[PDB]
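Okay, so here's just one chain, in structure tokens, the form deposited without its partner chain.
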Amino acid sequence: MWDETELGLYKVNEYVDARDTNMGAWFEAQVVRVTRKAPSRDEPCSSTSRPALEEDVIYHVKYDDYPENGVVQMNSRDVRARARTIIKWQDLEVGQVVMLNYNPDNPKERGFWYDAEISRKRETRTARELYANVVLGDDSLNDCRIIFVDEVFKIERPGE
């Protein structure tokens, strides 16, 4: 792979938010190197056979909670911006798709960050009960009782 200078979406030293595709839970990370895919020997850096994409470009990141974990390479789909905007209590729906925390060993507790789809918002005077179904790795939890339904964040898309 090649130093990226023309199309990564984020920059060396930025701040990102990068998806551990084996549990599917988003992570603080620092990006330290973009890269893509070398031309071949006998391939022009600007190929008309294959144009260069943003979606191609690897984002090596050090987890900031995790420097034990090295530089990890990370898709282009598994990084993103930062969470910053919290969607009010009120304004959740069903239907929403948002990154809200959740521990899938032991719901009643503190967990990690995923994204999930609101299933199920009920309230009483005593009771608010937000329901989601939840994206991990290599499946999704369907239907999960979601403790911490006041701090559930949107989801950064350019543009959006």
Contents of the next structure:
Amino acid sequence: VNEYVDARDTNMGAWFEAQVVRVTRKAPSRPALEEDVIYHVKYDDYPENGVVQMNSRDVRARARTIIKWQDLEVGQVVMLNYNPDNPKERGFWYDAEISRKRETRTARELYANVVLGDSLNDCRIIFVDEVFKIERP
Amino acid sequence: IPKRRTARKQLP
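The form deposited without its partner chain done, now the form deposited with its partner chain bound:
Then the entire complex follows, led off by the chain already shown.
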């Protein structure tokens, strides 16, 4: 019945849970711009940052579907958790492309190219059971 | 959807 979205902070490149407050019309600032729509979003866990003005590219339906480990393939673009400054700890949700997958009786390792804005190639993903499917169209 | 587990953003 709702109406739930993810908002991408433009400087970290990560996606955060958010809600849409207003939709306004951005009149072109220059002739080489078209009249586009602005989405006014607020972050669910950061209401101190007030409202942010974003475009449709940085707002999308909220991630709901987890891709099981057995169903992860090399080359898929997914939303996973990663911490660039502490790769062994919990981090933020970035879009990434799975680059390497390995499984043994003991270990389950996954490497992906993490998009942050720049790109990070072959990041060792810790949370291989919390890989989300990106919702489209 | 159930809330995701995410770290907290830090200041400079």
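The term rigid core refers to the most C-alpha atoms you can superpose between the two forms while keeping them within 1.5 Å. Numbering follows the first chain given and starts at 1.
Rigid-core fit between the two forms: of 54, 129, 109, 65, the one residue whose Cα shifts 2 angstroms or more is 54.
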